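Asks: Given chain B's structure and the hints, the job is docking chain H onto it.
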Amino acid sequence: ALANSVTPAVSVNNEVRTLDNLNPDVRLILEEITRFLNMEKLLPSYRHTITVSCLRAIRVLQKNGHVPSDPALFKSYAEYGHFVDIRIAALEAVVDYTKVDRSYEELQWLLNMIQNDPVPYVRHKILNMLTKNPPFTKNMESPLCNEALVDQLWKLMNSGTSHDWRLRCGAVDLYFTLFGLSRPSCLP
Amino acid sequence: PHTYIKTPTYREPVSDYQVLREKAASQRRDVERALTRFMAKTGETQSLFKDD
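In order, the protein sequence lines correspond to chains B and H.
The opening position of the first sequence corresponds to residue 801 in PDB author numbering, with each subsequent residue numbered one higher.
The opening position of the second sequence corresponds to residue 156 in PDB author numbering, with each subsequent residue numbered one higher.
Check the hints yourself; a few may be wrong.
[As the list claims (entries may be wrong)] List time: in silico SDA-like cross-link candidates among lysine to any residue, alpha-carbon distance up to 25 Å:
| no. | chain 1 | residue 1 | chain 2 | residue 2 |
| --- | --- | --- | --- | --- |
| 1 | B | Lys875 | H | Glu199 |
| 2 | H | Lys196 | B | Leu837 |
| 3 | B | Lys841 | H | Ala180 |
| 4 | B | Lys841 | H | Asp207 |
| 5 | B | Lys875 | B | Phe836 |
| 6 | H | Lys205 | B | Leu819 |
| 7 | H | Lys205 | B | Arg835 |
[What the hints assert, rightly or not] The following residues of chain B were derived to be distant from chain H, with all beta-carbon distances above 10 Å:
| no. | residue |
| --- | --- |
| 8 | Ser811 |
| 9 | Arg817 |
| 10 | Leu819 |
| 11 | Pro824 |
| 12 | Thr834 |
| 13 | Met839 |
| 14 | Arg856 |
| 15 | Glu906 |
| 16 | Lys938 |
| 17 | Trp954 |
[To be verified] Derived DEER-like restraints, expressed as beta-carbon distance ranges:
| no. | chain 1 | residue 1 | chain 2 | residue 2 | range |
| --- | --- | --- | --- | --- | --- |
| 18 | B | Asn912 | H | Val186 | 39 to 49 Å |
| 19 | H | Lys178 | B | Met839 | 18 to 28 Å |
| 20 | H | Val174 | B | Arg966 | 52 to 62 Å |
| 21 | H | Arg192 | B | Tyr880 | 29 to 39 Å |
| 22 | B | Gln952 | H | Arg176 | 55 to 65 Å |
| 23 | B | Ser959 | H | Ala180 | 33 to 43 Å |
| 24 | B | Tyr846 | H | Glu187 | 11 to 21 Å |
| 25 | H | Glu177 | B | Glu831 | 17 to 27 Å |
Keep in mind that the hints were calculated from the coordinates and are not lab data.
Idealized CB from N, CA, C, for every residue including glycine.
The following block holds chain B by itself, in its conformation from the complex:
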């Protein structure tokens, strides 16, 4: 409910999100989610449900112009070790970040995590979230439509996902969502 109340901030001349331009409304929300996340670090709940809700709310505050758009917090919560629920919430935040900020290195981070993660459910969930919220569709011109990305995803369909039968269908779904049924257009 605290995350639902966040309206987009009135940035002037692309002003860097700093203490002076922090909204007086959002400072109370940010104090509350900081208190909740830190108290979860000492007294944990059920399903780390408050960790998932606070990570989701920090991504809501980052989606508007309130908190700096930095994926390092979610990248530390997605490191093999946070609740599988914490892990999939943090990876959902990283997928949303690499859709909005057109990050190349975050997409390479996600594709590397698809290739070598210990939990295969997390790999399937990363492919699923990157299909549902794709970094680009076939209609979009994006900076991330190289021949290098087409070769990486074709290598991920062909080899690489050969051991699961669910990662390979997820890679086929991702290639269909990103490049369509015909020849990838952004190619010689």
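Replies: Only chain H this time, still in chain B's reference frame:
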């Protein structure tokens, strides 16, 4: 009366639900703020702003 009259007297009791809710709420908020600032200062810390 002062020559021989004695009655005990007590302190003013605050039985008000409004101020008791306010006291318990503010004491819980202050102790959890003090705890989280102490634990963030004596460990690894993150920040939304620079060197914050």
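Asks: Determine for every hint whether it applies to the structure shown.
Replies: Evaluation of the provided hints:
no., hint, in the structure
1, B:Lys875 <-> H:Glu199, "holds (16 Å)"
2, H:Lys196 <-> B:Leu837, "holds (15 Å)"
3, B:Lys841 <-> H:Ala180, "holds (22 Å)"
4, B:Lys841 <-> H:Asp207, "holds (20 Å)"
5, B:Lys875 <-> B:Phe836, "holds (20 Å)"
6, H:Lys205 <-> B:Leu819, "holds (9 Å)"
7, H:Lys205 <-> B:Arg835, "holds (20 Å)"
8, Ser811, "holds (15 Å)"
9, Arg817, "violated (8 Å)"
10, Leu819, "violated (6 Å)"
11, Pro824, "holds (16 Å)"
12, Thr834, "violated (7 Å)"
13, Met839, "violated (6 Å)"
14, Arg856, "holds (16 Å)"
15, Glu906, "holds (18 Å)"
16, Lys938, "holds (36 Å)"
17, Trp954, "holds (38 Å)"
18, B:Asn912 <-> H:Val186: 39 to 49 Å, "holds (43 Å)"
19, H:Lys178 <-> B:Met839: 18 to 28 Å, "holds (21 Å)"
20, H:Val174 <-> B:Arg966: 52 to 62 Å, "holds (60 Å)"
21, H:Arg192 <-> B:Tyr880: 29 to 39 Å, "holds (30 Å)"
22, B:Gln952 <-> H:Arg176: 55 to 65 Å, "holds (59 Å)"
23, B:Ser959 <-> H:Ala180: 33 to 43 Å, "violated (60 Å)"
24, B:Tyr846 <-> H:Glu187: 11 to 21 Å, "holds (20 Å)"
25, H:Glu177 <-> B:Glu831: 17 to 27 Å, "holds (19 Å)"
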